[PDB]
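*Asks:* The chain contents come next:
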Amino acid sequence: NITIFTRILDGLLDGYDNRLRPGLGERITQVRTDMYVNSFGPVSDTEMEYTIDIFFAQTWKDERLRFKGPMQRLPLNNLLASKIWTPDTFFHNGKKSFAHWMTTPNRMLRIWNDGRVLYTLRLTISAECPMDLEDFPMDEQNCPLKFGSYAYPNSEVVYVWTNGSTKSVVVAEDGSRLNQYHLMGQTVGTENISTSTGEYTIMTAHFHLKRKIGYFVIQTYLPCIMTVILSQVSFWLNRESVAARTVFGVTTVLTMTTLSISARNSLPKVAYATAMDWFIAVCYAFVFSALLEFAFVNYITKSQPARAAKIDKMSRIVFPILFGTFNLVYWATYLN
Amino acid sequence: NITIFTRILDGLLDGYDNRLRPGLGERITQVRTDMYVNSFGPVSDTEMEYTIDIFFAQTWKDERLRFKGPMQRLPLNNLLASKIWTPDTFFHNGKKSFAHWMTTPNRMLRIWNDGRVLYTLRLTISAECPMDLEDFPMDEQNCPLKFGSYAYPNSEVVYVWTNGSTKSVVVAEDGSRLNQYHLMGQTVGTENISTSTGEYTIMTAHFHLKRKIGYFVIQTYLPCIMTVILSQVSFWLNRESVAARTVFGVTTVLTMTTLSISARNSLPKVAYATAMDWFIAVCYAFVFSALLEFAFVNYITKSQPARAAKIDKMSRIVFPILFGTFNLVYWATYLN
Amino acid sequence: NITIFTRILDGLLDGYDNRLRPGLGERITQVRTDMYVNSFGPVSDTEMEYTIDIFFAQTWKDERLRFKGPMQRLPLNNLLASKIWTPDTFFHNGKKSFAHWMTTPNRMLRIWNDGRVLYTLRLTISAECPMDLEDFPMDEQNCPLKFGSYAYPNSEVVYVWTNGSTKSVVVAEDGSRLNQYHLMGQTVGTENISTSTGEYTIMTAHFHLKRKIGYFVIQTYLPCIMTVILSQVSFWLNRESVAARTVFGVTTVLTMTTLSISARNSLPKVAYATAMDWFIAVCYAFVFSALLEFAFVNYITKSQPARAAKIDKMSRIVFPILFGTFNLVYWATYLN
Amino acid sequence: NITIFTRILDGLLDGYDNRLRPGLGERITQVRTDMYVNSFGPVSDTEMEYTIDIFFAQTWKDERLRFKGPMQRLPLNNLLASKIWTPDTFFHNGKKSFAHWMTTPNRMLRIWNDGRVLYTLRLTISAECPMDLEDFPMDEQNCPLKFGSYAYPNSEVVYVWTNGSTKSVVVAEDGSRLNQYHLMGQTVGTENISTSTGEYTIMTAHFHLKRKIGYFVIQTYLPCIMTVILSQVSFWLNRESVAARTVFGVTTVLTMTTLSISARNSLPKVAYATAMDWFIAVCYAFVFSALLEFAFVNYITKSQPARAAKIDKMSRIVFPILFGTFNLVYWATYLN
Amino acid sequence: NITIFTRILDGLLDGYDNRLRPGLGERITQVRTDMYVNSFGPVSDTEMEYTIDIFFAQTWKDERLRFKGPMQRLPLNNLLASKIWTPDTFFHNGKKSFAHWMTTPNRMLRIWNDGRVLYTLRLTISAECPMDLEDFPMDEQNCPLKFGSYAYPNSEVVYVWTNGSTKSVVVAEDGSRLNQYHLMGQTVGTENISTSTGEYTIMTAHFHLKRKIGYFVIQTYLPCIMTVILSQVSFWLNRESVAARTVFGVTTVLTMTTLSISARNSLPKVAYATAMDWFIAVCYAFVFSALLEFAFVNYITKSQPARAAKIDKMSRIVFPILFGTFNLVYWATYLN
Ligand SMILES: CCc1c(C(=O)OC)ncc2[nH]c3cc(OC)c(OC)cc3c12
Ligand SMILES: CCc1c(C(=O)OC)ncc2[nH]c3cc(OC)c(OC)cc3c12
Ligand SMILES: CCc1c(C(=O)OC)ncc2[nH]c3cc(OC)c(OC)cc3c12
Ligand SMILES: CCc1c(C(=O)OC)ncc2[nH]c3cc(OC)c(OC)cc3c12
Ligand SMILES: CCc1c(C(=O)OC)ncc2[nH]c3cc(OC)c(OC)cc3c12
Ligand SMILES: *[C@@H]1O[C@H](CO)[C@@H](O)[C@H](O)[C@H]1NC(C)=O
Ligand SMILES: *[C@@H]1O[C@H](CO)[C@@H](O)[C@H](O)[C@H]1NC(C)=O
Ligand SMILES: *[C@@H]1O[C@H](CO)[C@@H](O)[C@H](O)[C@H]1NC(C)=O
Ligand SMILES: *[C@@H]1O[C@H](CO)[C@@H](O)[C@H](O)[C@H]1NC(C)=O
Ligand SMILES: *[C@@H]1O[C@H](CO)[C@@H](O)[C@H](O)[C@H]1NC(C)=O
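Protein chains in written order, with the authors' numbering: chain B, 14 to 322, 393 to 419; chain C, 14 to 322, 393 to 419; chain A, 14 to 322, 393 to 419; chain D, 14 to 322, 393 to 419; chain E, 14 to 322, 393 to 419.
For reference, chain B alone in the conformation it holds in the complex:
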């Protein structure tokens, strides 16, 4: 009852060459690709890379594997994977991709009577996801995933997604778990590119990422906000207390300076200003401006004390209002 299967496998491999694609010189091989995301790994920001584990699956028609028998399907494993022809799919943006070999090489091969072949592989891709951090941290990132044939041009092998976008890409409920991102959705697309070696079809899958705020608020914004409030306390101290008010201005300014350096340590070394950078710069101006006001007041406190008192009293009201007004514009501008 089991010996029948062995004979069928031997017959298919008899006279079968794995170096030639099915339907060579008679038609164009068609491949259907479906992807299942086991887990969307962490999205490293500094290196512009993200790790993803998927069960990449490919389906194609091969008449050379047609067979007749009591069983309509032939489940198998990696043993027969190398004995037949398979597409030379590769990932363009994958900087370093490795497979899983334990406990057994994670590969499956299913063959039907008509000759249809299903081949699925488990992969871990450390792809590169360039990001435009103009609105960081209020930025949305669209990490793509490009793959295609390495040796067969568009005239020989063509990749097409199966059914709609929802069925083409599937993400596990627990797979989409990122500490500082939200997986809003996924999309797919196809395109052709002309090269010196010929035209090759490109299959691209895009993941919509919505960065979640809250870590930077507790890390960068709140220390800056409290620091600005600390500087304004000097406005409530007497002018003659030159030493006391000096500490607030000097300490606050230096505190903001180190926060900017510390804040960008995790941020990628991008050569442009981000939204957070402007917020820090504005906060730096307030603390720096407060010190200038104290110096100006202390400079004229002897010649015209009357105006000095008025400026100090006014500063107690103007500064808090401007800082509060700026926050509403800043948060509203990006949070909308």
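Calculated directly from the structure, the hints in this document are not laboratory data. Any given hint could turn out to be false.
It does not matter which identical chain is used: a pair holds within one copy or between any two.
Derived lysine-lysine pairs resembling DSSO-like cross-links, with alpha carbons at most 27 Å apart [claimed, not checked]:
1) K180 / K74
2) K108 / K282
3) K393 / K109
4) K225 / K282
Start from chain B and add chains C, A, D and E with the ligands according to the hints.
*Replies:* Structure of chains C, A, D and E with the ligands alone, referenced to chain B:
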């Protein structure tokens, strides 16, 4: 006396195909899995990963390997492991799993007369353990371990634990040694999942982790507690000592700010507030509030000195009581 | 219709030795090399290394592979790559080069009737790019890429670029994306080197890198510039305020000291002064000089107060002018 | 003269099965293990791991390899290593072990006429060495090294050290070079463990490590000791100098706080107090106590100045004596 | 014309055993080793390791490979490398050595009529170079490179350098490029070592390294030198300015303390004092001594003001002279 064993091995391999599972088209293959944990490696927090070394073992029945001879068992090694059929078990949450090949590939194969097969493999799994750090550091983590067949659906290969939970999973006495965790216990479970490729049984093992406190107390809590006490010292200084009391308020506030940044450097970049974060925030309020009290007292020390003295004297008693009362509620709330 | 291809492949491999180069003892093998840069990876500064992913391609003539058939080309994959002779090309500056094996080893083999062979391979090279950081960050780097045969001297195998430089090297539009560099252009060259094992031709490709400024301005220059301005504020304070002006001088000097240490943390540990280092040193002099002026003024404020006031008033004007004048010379000198 | 050796090798491999241990079903295989330590790699503290390179050697008797010829020994290399049976030795505590393959796989095989076999392998073991840092840095660590058979129980394969302990383990003169440890000596032992798969003999080698002090003295103790002395300087300042003495107390307390955090950055995140931690805590009390004394003195300097002067004068003598006395007890307690 | 070469190769491999060294039982195999350094990689200080890329070459005589033909040499590649016998050379100090496999395994095999064989291999060695940092950074390091046979004792295989030292080791002009070292020269040597497995010849190559100063001057010495000068500024301030002079003493002392910790972060954790450590300690004494002088002066400024003024005036001259004198002795002592 030794040549008899060689003939038996040759006979079993004669006409045996490793590409077909035992009992194909006649029944459903049943596999019994037992696990022994050599050492529960460190549980990295930042990357949500933990390393575990186990002696994964699988048992199944194969009638094709039945034999008769003086010896009731056939101890072997990895040499014959690849010559026969083995399940394509894999770990779903294993981000990167590698085997041990030195001195020899750590694999054993034992066969009995009835045809029962025992196959054990040594593995090192860098699995992912998502954690909800809402009660951190007073949090309990349940790291799972999911594995199953890659090519054989539930209708062909089924995994079941052997005997009770205690025998299914065994942990070495010295294996469970973590610097900041306690291995309270282990549990196992089984479930079915429906996918496009069919239904596959899932075997999950859960490890109960109870984080041990003491490192964060010496690292985060104690510096914060002493810092708050330092600020309250200013209440015992004369009001006219404006400069002296200014240093305490400014220095203490900045000290708390850097502690919050330093504390979360090791903590994962989670976008929500933890229990420790609230404690730091409350401590920040006390030191910040003390500075406000000094500023308010110094503002009215000229118009109504009588009330200024009363506020300063009262602050010496109210502040220590509130800080002490808060600790009892905080520690009692989580330590219970 | 497909069986014809199988016979052709068998005939070519019949009597073909892959250990002997084509045209041995009759002529000199000629190889044409064309490169396509999929993505120019990050250029690490500390380790003097850069990562590049390219589709390295080689073309050569082999009369032993001549064939006649209906199809003028024979697209193939890695299966036949090892069955024939290929050049032993290697990268001299490549510290650690690894290939991509997923989903399939990225290799293509195309053969024409005349016997011309096209062989392309995907590689990731962690080459070393020594840099002379004399004008850093206003420095231009020319990272080379040297490769050649390992066993065949110039008298047997010769590498030559195909057509012009533009066609020889091609860079993808999205491939050239660096956080702190601009890919101005590419150039190629050839040379011979004499060694104990014979003369070997060297193929070198140079990439022109123009570092983009803006990250260091927000990281190093701006904190230094503001720090210098902070020190000059002390010139507007009264001389008798010894304590108040002391804080500015001491704090500013220490702030510059830590910036220099922090600035070079990312910079490679080079044993020479860079352009940025001189800017920091000059800024350090201004803040340090301001403290000296205060000390000198405070030393003679009792004997000859008249001159002390004049020096303090003059310092308020001289110092800002010199710092501003220095910036124009510094920026103009390098930004030109 | 050389052809004789070839015939002998062919004869031994004729009818020899490498899947069966020598003396199967007739006796118990005995293996003698001798180890040579090429270099005891660094002992990482944070990860509780140490790297060691050894020339692991195993000797056993195999009657199937008996031969007669002019030469009494048959030096060989890795080529014949896989053609015969070898023990499946593995390291229990080895988290990740890799071999050396350059220039050639470092393996030797020597066979004598009687059939004795010598098999040595070079290995690099990243074993785990749990440490109890109760007396750190005055702590002695005993890193073990456990290995044994993976498939052959104690009833089939037994490991025994050769001759005495000195000959069993040999360490190169230059191999034992650690930056913060001393290799006092080595010891060996054997034991049996009962498991579900049977009883397996365990071979354990223990290395005696005596941590060398001097790095922490220049890194942690000395900064703390000088900081405490700095605080005591305030006792020599006038009481009315409230601001001057405030800086010493505040700055010293914060300096100790950062030292404790910095000190434990390299130390493993252990959830218990070490000997160094107590020393830091005691030093923190002295600096903190000095600030309290100043605050208490300044609080009563108006009502009863007479007692205030006495306390300040007494503090100048009591504090240095207590700090010096504590050091003698602390150093003597552990350095003995 | 090409078929002649194929026959010659087949004849040599006919009856040739790669498991037996040439001239076995008739003489002692002699191997000549020549090394070419493609690039001397970075010399990591913390891990006591350095990376080097070399074209290791070995030459030996094999009569079994004698042939007669029109061509006097047989250039080849890695294909035939494994088909013949090669020495089992290995590196003793190599902690982790890996080869280069792209584009092709970098191996060459050349055979002459007399039977001489040339075999060269490209290797990347992460060898260990212990360093005695007693005179750091004015220290000279001699990193060795030990290699030899793994299975053939001195009585069978002997390694000898070819010609003089200059020809034995060759370093590329651009290869010797280190950020903090100078490759003064190279030397070679041979020695015998007796072991339990027999006597094995050892080939050692030593590289003379002269650390280049300038990075530490801008990183450690200059901040310390300026800090000491900053402390001496307090000597020019009035005694009554207790608060002003307190800041200089406290801030400078703490600044030196953090520099010592920061300086040794890159330095290896060696348990002994280096030359730089003494310089920092001396600088610490000057700043600390200045604070003591101020405290002593302020203590007696009321009882005997006359002596207090003299001490302060004298300190302005003595301190700068001693610091300058110390530098001349320190720099001259090591820079000579
Ligand atoms: C142009 C690079 C290249 C080369 C080569 O070496 O060219 C010099 N050889 C074969 C190739 N197959 C490709 C398939 C592709 O799309 C799926 C593709 O898209 C980026 C590029 C190539 C490709
Ligand atoms: C759905 C992913 C998948 C695919 C594939 O490529 O689907 C597009 N192929 C074969 C597969 N065998 C599985 C067994 C499983 O459980 C043990 C399992 O659970 C997560 C998933 C798969 C699986
Ligand atoms: C001199 C190093 C060397 C050796 C060797 O071991 O020499 C002792 N053997 C074979 C070699 N083929 C080379 C080809 C080259 O250029 C493409 C080359 O350029 C740096 C060097 C070598 C080379
Ligand atoms: C109990 C783990 C185990 C298993 C397995 O999978 O058990 C479920 N299989 C085969 C085994 N051979 C061993 C030899 C040993 O000592 C040298 C040993 O000691 C820790 C354990 C095993 C072992
Ligand atoms: C003593 C270690 C050893 C062993 C072994 O396992 O001994 C227990 N076996 C074979 C060996 N061949 C060696 C060649 C050497 O020099 C080139 C050498 O020098 C350090 C050591 C060995 C060596
Ligand atoms: C790519 O080429 C194929 C050729 O059949 C064509 O059908 C398809 O529309 C092309 N795709 C695009 C995006 O142009
Ligand atoms: C999974 O499927 C099998 C089919 O035999 C069934 O016996 C078992 O109860 C199912 N498990 C669950 C959790 O539903
Ligand atoms: C290298 O050698 C070849 C020998 O044919 C010669 O044609 C070529 O001009 C040489 N190249 C250089 C740069 O000298
Ligand atoms: C282990 O078992 C063997 C069985 O022969 C016995 O000889 C030996 O004494 C046992 N060792 C220990 C430590 O019990
Ligand atoms: C090593 O042994 C050989 C044996 O022939 C001898 O010639 C050589 O001088 C010895 N080398 C040393 C350094 O003793």
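*Asks:* A separate judgement is required for each hint: does it hold in the structure or not?
*Replies:* Consistency of the hints with the structure:
no.	hint	result
1	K180 / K74	within (20 Å within a copy, 38 Å between copies)
2	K108 / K282	both (20 Å within a copy, 25 Å between copies)
3	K393 / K109	neither (66 Å within a copy, 68 Å between copies)
4	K225 / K282	both (21 Å within a copy, 11 Å between copies)
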